[PDB]
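Student: Chain by chain, the residues run as shown.
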Amino acid sequence: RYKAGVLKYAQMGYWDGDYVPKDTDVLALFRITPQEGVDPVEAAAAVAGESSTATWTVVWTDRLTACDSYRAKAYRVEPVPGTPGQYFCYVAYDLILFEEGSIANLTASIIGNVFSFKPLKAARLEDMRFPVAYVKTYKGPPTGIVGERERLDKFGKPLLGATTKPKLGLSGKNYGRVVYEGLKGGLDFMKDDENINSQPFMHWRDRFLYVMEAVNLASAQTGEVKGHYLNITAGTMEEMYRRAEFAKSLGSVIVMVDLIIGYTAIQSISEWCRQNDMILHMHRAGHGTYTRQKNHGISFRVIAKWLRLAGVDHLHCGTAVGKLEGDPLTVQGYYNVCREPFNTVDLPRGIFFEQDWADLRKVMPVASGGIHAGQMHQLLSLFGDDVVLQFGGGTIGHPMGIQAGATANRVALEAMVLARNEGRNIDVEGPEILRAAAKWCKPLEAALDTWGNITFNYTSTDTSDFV
Amino acid sequence: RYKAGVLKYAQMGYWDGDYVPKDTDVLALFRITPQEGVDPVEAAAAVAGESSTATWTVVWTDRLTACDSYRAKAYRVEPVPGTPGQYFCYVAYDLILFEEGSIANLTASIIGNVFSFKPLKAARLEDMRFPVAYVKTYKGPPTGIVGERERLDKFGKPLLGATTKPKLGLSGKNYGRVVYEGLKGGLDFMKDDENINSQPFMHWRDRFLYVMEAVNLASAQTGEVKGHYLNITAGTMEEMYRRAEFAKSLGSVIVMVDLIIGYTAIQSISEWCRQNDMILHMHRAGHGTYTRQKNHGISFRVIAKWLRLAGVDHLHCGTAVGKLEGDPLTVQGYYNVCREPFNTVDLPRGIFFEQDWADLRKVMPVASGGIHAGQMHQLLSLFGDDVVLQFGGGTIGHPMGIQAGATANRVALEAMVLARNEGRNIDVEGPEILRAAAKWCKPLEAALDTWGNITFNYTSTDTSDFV
Amino acid sequence: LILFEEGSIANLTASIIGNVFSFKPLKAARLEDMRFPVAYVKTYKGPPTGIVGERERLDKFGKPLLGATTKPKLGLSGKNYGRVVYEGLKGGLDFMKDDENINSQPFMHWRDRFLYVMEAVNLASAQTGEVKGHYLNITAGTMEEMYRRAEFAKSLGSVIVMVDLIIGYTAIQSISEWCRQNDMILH
Amino acid sequence: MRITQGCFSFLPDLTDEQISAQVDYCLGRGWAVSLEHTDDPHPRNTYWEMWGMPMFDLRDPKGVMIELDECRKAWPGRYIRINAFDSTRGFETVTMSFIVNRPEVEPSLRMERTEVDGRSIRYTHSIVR
Amino acid sequence: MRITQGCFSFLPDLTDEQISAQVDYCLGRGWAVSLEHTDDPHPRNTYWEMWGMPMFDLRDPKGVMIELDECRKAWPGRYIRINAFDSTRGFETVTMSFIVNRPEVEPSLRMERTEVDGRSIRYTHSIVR
Amino acid sequence: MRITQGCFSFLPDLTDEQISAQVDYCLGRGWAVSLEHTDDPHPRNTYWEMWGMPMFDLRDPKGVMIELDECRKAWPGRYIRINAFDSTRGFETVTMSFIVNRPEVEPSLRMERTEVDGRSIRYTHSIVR
Ligand SMILES: O=C(O)[C@@](O)(COP(=O)(O)O)[C@H](O)[C@H](O)COP(=O)(O)O
Ligand SMILES: O=C(O)[C@@](O)(COP(=O)(O)O)[C@H](O)[C@H](O)COP(=O)(O)O
Ligand SMILES: [Mg+2]
Ligand SMILES: [Mg+2]
Ligand SMILES: [Mg+2]
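Protein chains in written order, with the UniProt record's numbering: chain A, 13 to 479; chain B, 13 to 479; chain C, 107 to 293; chain D, 1 to 129; chain E, 1 to 129; chain F, 1 to 129.
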C-alpha cells in the first residue's frame, strides 16, 4: 500500500465502519451531495482524507510518521431523510492535528480544501463536536451573560437597543443627538452601523467624543448606566488598537466588531478586552454568503461555536419573525449553542452532537432586523430573558419623535414581562396585553397603528430535515 | 416621502433607469434570483438600499443629511441568458461611503446584509469596478512579478514548487530532509501545508530552523537562490508578528499566509512585508465555501481584486486540468485580473467591467492541486510564463525518490519552453515532445508511466453564461 | 476542574497541598500520586524541546549523554574554571556543568564565568568535531537579574542553561515560556 | 558540481542553431538582447560584466551570433549569458536569461557557518575559484 | 585529529561482523536502516547525502551489508554512517547513528574569531578539506 | 586589476622628473612631505608604514627624492605613496596623496557575502596576496 501509484481513499485507509470515536476526538458532520457515479463511501473518505493527512498519490514519507494516529477517519454514513441524493458523513479528527488556542488552525484543517473538490457537487458543514480537552485551551468570552448584567445593574428582562439611522451621512454633532434622544427615551443601548468606520464626512475620533457626551448626559437624567457600541473596525491592526485604546480612555462600557475582520484579528481583541475590562459585541456582516444555502456552506451553529471559543460576549443569532432569513426551530438552535452550558442532541433544532462547554462564559444572543412593538409577544415566547432586542427602524421611524419611539418599545416590553410572570399566556393574549397598555401610554398606541399589518413572511431557506 | 410608514425601495428612490454612472463610482454586479412574486426591479432596489443608506421604514433623520448623494443607485437590470428566472443588477456606490485604504470597510458596505434578505432566493456577486481614485489609496503588492524575479534571478519560465508530504506528522528533523531533497533535485520552492502551524508533534520554531539549513545547503550545491514558504498563521496577531520577525531573522525569502485570518489581519502583514523586504504568499483555505456555487456567494475574481488591493504577491487562482474545481475560460479570467494592468470587458472570461489598476504591482498567480509532468503542455498553453506551478504529489510520489521527481518536472518544463520558443505547437505536439525528452532523461520516463491515464475530469460548477 | 486555574502550577499546589498538612487531627500525611485529566494537561505548554528535540540539536544518538560537575564546588576563578571545562569536554564528555550553589560570588562574577566557559566550549568543539555544552547557572535573587543572565547566555550562543528547584514554580514557568521563545534547553 | 543559474540548465548544452532560434523569439516579441559575462557565478550576484551595449533595434538573429563568438574568443573561461530586456509600460525588466557558455570545470561553493544568538546561523557562500 | 561525531567513536573501527550484529539489533526492534555520506563533517551539520531510500521492511541484516559495500566502492574518501529510524507514536526520530567508514586522513577544523560588542566573540568553524 | 587609491592613478606611472615637480608644489605652499608604504592596499585602510619622520622644514625637492630611492631599495614589492600635510588653523590634514611605486602585479579583491536579516548583505573585502 506504499508503492507508487494512485489509489482510492477508501482503499488507502480512511473509511472504517467499525470505528468508535474516543472522548478526545473532534467530530464533524458533512451534508455531502456527491456527483453522478461517485459512491457516498468514497465521497466521505475524500472529505476525511484531504482535511487531515492525504494527497492524490501515495508517498513513501508516510512510512516515517505513524499514519494510523494522524489520519482522520469517517465512521458512519447515513442518507438524509426527504432528499433522494444527499448524505450525512461523520468524520473523526484527533487532537494531535490542532493547535492549542487557535480558531484559524481549526478552520485550516477541517474546512480547508474539502469544499472545492470535483467529486462533490455540494458540501455543507452542519455541526461540530468539541471535546472537553480542546475547549479548556481557549479563554472564552470576556464577561458573559452573568458578568455583563452585574456591570449594568439590569435584571429580569431583555436589554433594549437601537441602530442609529440613517446608516451613513450624519455628522459628528448630529450623530450624538440621535444617540442622546434614544437613550433618554428608555433604550439601554445605541449603536454604530456595520459600515460606519472613518468615512470622509465624519471622522471616527470626532464620533467617539460626541456620543460619550450624549451617553453621560442621558445617564445623569435617567439614573441608568447607558452605552453605545463603538465600531472599531479598521484596515490594519495598528489602527484598530488605537481606536480601542481611545474608547477605553473615554470610559466606554462596550465596543462592537464586524465578523469580516477575521478570527485571527477577533482573538486579538478578546485578549485585549479581558485585560482592559471591556464587553465585546460581534456583528455578523457577510455571514449570509456561506450560511443561507441549505446544500452548501457552513451552518451558523458551527460559526457560533467558534465565536464562543474565540471570545465574544454578544452575537447576532437572528430573528424568526424579522425581515432577514430565519426559521423558528433552527433559530432556537443557535440560541441554545451560545447560552446553554450543556446541550443534548435534538434533531428538530439542528443539534447533532452532545456538546459540553465545561464552564465557559455564556454568550448573550442579539435579536435584530425588522422588528417592532407588535412583535414583542412572539420574541419573549421564543427566546426568553437573556437576549438583546434591537429596534433600528422601529424607534427613530416613530411619527412623534425618537424619545416617544424609545418609550413605546420600553412600555411594550415591561407590560409583557409583567403579564408572563403573573401567569397569563403571552402567545394568545399577547396582542390584547399591548392594546390594554395603550390606554394609558400614548406613544405605544401610535406605534401599533403604524406597524400593525406590516409583517415579513417568506419561505425559509435554512430549514430542518426532521419535521 | 418623509412621513412615518413602510414604503417600497423603488418608491423611496433607489431605482433610476436614466442614471449614468460617473468615473468616480464603485460599480457592483449582482446575479439575483428573486422569490416567487418579487419583481426584479424591487429586488435590485433592495440590494441597492441596504448596502448603503436604507432601513425598512422611513426616518425623519434622512432630512438632515443630503440623501441624494449618499444613496446607492441601481441603474440597469438585464435577464441572464440561459436561465429563466435570474437577473443581472448593476449597483453604483459613491466614494463618500468608503474608507481610504480598508478592505474591511468595503466588504461591510457592499456584501454586508444584502445576502440574508428574505425577498431574494440566491444572490451572487459577479464582478466589481474600482475607480482610479479608489485604487491609489491602497499600497498594493510588496514586490509584484517584476520585483520577485529580480530577487531570485530566474527568468523565462514558470517557477516550480512542491508541498511537503504528508500534510501533518513529520518531525522537525525529517521535515527539512524532504525540503533538502526537493530543492537540490531542481525545484525552486518548497512549502508548508495550510494546516501546519504549531502542532504538539512539531513546534514552529524548530521547523523554521531546520528548513533554513536545508535551503542554504541546497543553495550551495545547485548555485541557485532557493526558498521555503514559511507558514506564519497563528491564533493572535502577537504570535503572528513573532513568527514573521523570526523568519526575517533567519533570512528567509518568502513567507505564506492563509486566507482565513481575515482582510484586517492580511493588510497588516502587507504593511510589514514592504517595511522588511519580504514576499507574501496567499493560500486560499476555505474559499470554496462561498465561491464554488454559481447561484450564490462571491466569485473569486472579486476576491482576487480585493487581495491585489490588500497587497499579496502570490495567489492560488486554480487549475483547469487539476483535481480541484475550475473551468478553462473562467480560470483565465482570474489570471487576467491579477496580472494585466488594464483589462477590457470580455463576457466568455467573466469580465464585465473595464478595470484600470493604474500602476499597481502584478500579483503572480499559482497553479496547484492534482498536476504532474503529463499535464505540462496544457499548463503552458493556457497561462504562460509568469506563473508558479506546484507539484505536491507529483514530486514526492515518484517511484525513484524525491530528487528524481524534482528533476523529472524540471526537465519536462524546460523541454516545453524550448519547443514553444522555436515555433512548435505545444497543444498538439505536446505529448510527443515529452516522449522525445524521455530518451535521455530516465526520471521523466518513470514519471510518465505512473501518471499517464490519471486525469481528473468532472463537470465544472462555476461556468460562464455566454458560451 | 472548576477549582483550578488554566496553566498554573502555583494554583494547583495552593489548593491540594495548601493547609491539609498542618492539621491537628493528623499525625503525618504524605502525597503519594496524582492523576491529571486530558482536559487539564492540554492547558500547559510542556517541555521546550523534549528527548526527541534535544538529541536532534546535538546530533547524538544510541547511548546516554555524559556529564561532569566542575570540582571543587566553590573557589575557582573565571580563568581556571574554564580550564577544567576545556579538559573535560575534549576528553570525551558531552556536557560540563555549574554547581547548584555557584551563582555570583565575590571570588568569581557570573559574567566573567559565562565568557570563559564559552571559549572553552568552542575550542573543544573544534578539536573533537562534536557539539559541546555547559549548563550555565542562572539562579538569581530577583527575576530582573535572572532574565539578564539568560539573555547574555543566549547572546554567547549557549545550547543549554540550568535552573535550581528552590526558585519556585512561578519563576520556573517564566523561564519555560522564555526558553521556547529563544530556542534554549532547560535543565 | 554544475551551476544551474538561469533557464535551460538541466537540458544539454545549447548548439548555435538552437541559440539562434531562441534569440529569434526574443527579437520577434521586441526585446533588447544583451551579452553578460563573469568569473564569479555567485547566487543573488546581480551585475555581470556587459559585453558592449544591448542590441535594441536589430531585426536579425545572425547579428547577435557574431557578437557571441567575439565574446567567446575574448573570454574563454567565463560564464556568458544572454539577457532579453522588455521595454513596455509595466514590465521594464529582463524576460529571458540563459547561460550559453560555461567554463571547462565548474567551481564549487564552500559554506561557512557563523554561530550567533541562540541556535541561529549566518551562512556565507564562497566560490573556490 | 579524529572526528568523534556519533556512537562507537572512541572504540576501534568496527569490522563487518560487528556492524552486522548492530544492524540485527535495529531490525529486531523494528527500525528503518539508512546509509548517509558526506565530505563535510561539520558539527551540527544536519543533512548528509542519502544512499537511496531507507530500508523499512527488511528482515535480513545481510541485505544492508550489500548496500554498504556498494556505497564504499562509489565513495571511498567519505564519511559513511548508518541511521536507524524509529516509527512509533511519540518518537518518530533517529535512534542509532555510527560512522562505519571514515577517510584515510581526518580533516581538522579552523576557528575564526570575530570581535563584536564588548568582549563577546562570534566563532566560525571551517573544514580545511 | 589595478588599484586606483589616490591621485594620478588613471594617468601613466609618474617619472622621477614629474614627481620632483609635484613635490616642488607641496613645498612651495608649505606642506610636510611624508613617505608611506604597505603590502595591504585595502580600501578605507587608514594607516600605512611610515618611512621615518615627515619632512617639515625642507626647502629642496631633491632631498625628498633621495629618501624615495632609499625606500624603493628597502621595499621593492610595496605600495609607496607621498603624503603632503597642511599645518594651518583650520585644515591640519593631508592635502595631496599619490602612489609613486606599485608592485609588479596588483592583487585582486575577493568579496564574501554574509546573509543577515531580510535581504541585507554584509560585505567583506579581502586581498588575495
Ligand atoms: O442593518 C440592519 O438591517 C440592522 O441595523 C437592523 O436594522 P432595522 O432594525 O432598521 O431593520 C442590523 O444590523 C441587522 O439586523 C444585521 O443583520 P443580522 O441581524 O443578521 O446580523
Ligand atoms: O492540499 C493540497 O491539495 C495542495 O497542497 C495540492 O497538493 P497536491 O499537489 O498533492 O494535490 C494545495 O494546497 C491545493 O492546491 C490548494 O488548493 P487551491 O489550489 O485551490 O488553493
Ligand atoms: Mg446595521
Ligand atoms: Mg496544502
Ligand atoms: Mg552539584
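Note that these hints are calculated values from the structure, not bench results. A few of these clues could be false.
[As the list claims (entries may be wrong)] Below 30 angstroms or equal to it, Euclidean Cα-Cα: the simulated BS3-like pairs (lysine-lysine) are:
#1 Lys73(D) to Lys451(B)
#2 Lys62(E) to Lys151(C)
#3 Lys260(C) to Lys260(B)
#4 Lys451(A) to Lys260(B)
#5 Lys260(B) to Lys151(B)
Student: Where does the structure disagree with the numbered hints, that is, which hint numbers, in rising order?
Tutor: The structure breaks hints 1, 2 and 4; every other hint is satisfied.
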